[PDB]
Amino acid sequence: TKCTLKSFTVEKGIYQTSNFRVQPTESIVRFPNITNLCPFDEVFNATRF
Amino acid sequence: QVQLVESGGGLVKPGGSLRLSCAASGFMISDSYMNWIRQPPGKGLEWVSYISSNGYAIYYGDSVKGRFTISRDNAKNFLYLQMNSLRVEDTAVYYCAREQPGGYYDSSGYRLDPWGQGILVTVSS
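If you read the protein sequences in the order shown, they are chains C and K.
Take 299 as the starting number for the first sequence in the authors' numbering and just add one per residue.
Take 1 as the starting number for the second sequence in the authors' numbering and just add one per residue.
Since the hints were made in silico from the structure, they are not lab data.
Quick reminder that beta carbons are idealized off the backbone N, C-alpha and C, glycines included.
Treat the hints with care, as some may be off.
[As the list claims (entries may be wrong)] Non-contacting residues of chain C with respect to chain K, defined by C-beta distances greater than 10 Å in every case (computed):
(1) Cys-301
(2) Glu-309
(3) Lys-310
(4) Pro-322
(5) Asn-331
(6) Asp-339
(7) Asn-343
(8) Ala-344
[Stated by the list, open to error] Using C-beta positions, here's what the derived DEER-type ranges look like:
(9) C:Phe-342 / K:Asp-31: 20 to 30 Å
(10) K:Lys-76 / C:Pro-337: 35 to 45 Å
(11) K:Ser-63 / C:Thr-345: 23 to 33 Å
(12) C:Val-327 / K:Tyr-104: 33 to 43 Å
(13) C:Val-341 / K:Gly-55: 39 to 49 Å
(14) C:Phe-342 / K:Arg-111: 15 to 25 Å
Chain C on its own, in the form it takes in the complex:
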């Protein structure tokens, strides 16, 4: 409170000093279940070039 009023002496009263906010405890990512793949084991595994 002294630091917010920028004054060493605070008189009687009620003062709004700052704000508090609960921090996030975790991070999550949600995407679609990786599905229609591309044909690679179809070009390297070719039987006849």
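Please build the complex by placing chain K on the supplied structure of chain C, with the hints as guidance.
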């Protein structure tokens, strides 16, 4: 569906010659790698020769090497095999078979799927 019929075999004398013809029906024979399998009477099968689709890769059997030419009549849509200077040990049935994996992205092992009916050749006096 797709047949591989043979024609031209039978009896011969030793020393003489003969010609086997492989006729493909049901599809276009001008782009399917072929190769011949011979089977003596009462035994298994044995490889004879091989033509490619390209026409530029040819692999013969080590015993029929130097003779027993193979070719394809892309005009008449056949395969031709001329047997020249036969000996007594060549008596067998002959099959004209086409290789299955003839695509460019096949990822599948080789297997001769269209098989030949087979005809016999007998070499003796």
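Okay, the hints, checked on the actual structure:
no.	hint	result
1	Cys-301	holds (72 Å)
2	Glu-309	holds (85 Å)
3	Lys-310	holds (86 Å)
4	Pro-322	holds (48 Å)
5	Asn-331	holds (26 Å)
6	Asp-339	violated (8 Å)
7	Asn-343	violated (5 Å)
8	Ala-344	violated (6 Å)
9	C:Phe-342 / K:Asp-31: 20 to 30 Å	holds (25 Å)
10	K:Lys-76 / C:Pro-337: 35 to 45 Å	holds (39 Å)
11	K:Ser-63 / C:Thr-345: 23 to 33 Å	holds (28 Å)
12	C:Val-327 / K:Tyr-104: 33 to 43 Å	holds (40 Å)
13	C:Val-341 / K:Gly-55: 39 to 49 Å	violated (26 Å)
14	C:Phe-342 / K:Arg-111: 15 to 25 Å	holds (22 Å)
In this structure, the earlier hints numbered 6, 7, 8, 13 are contradicted, and the remaining ones agree with it.
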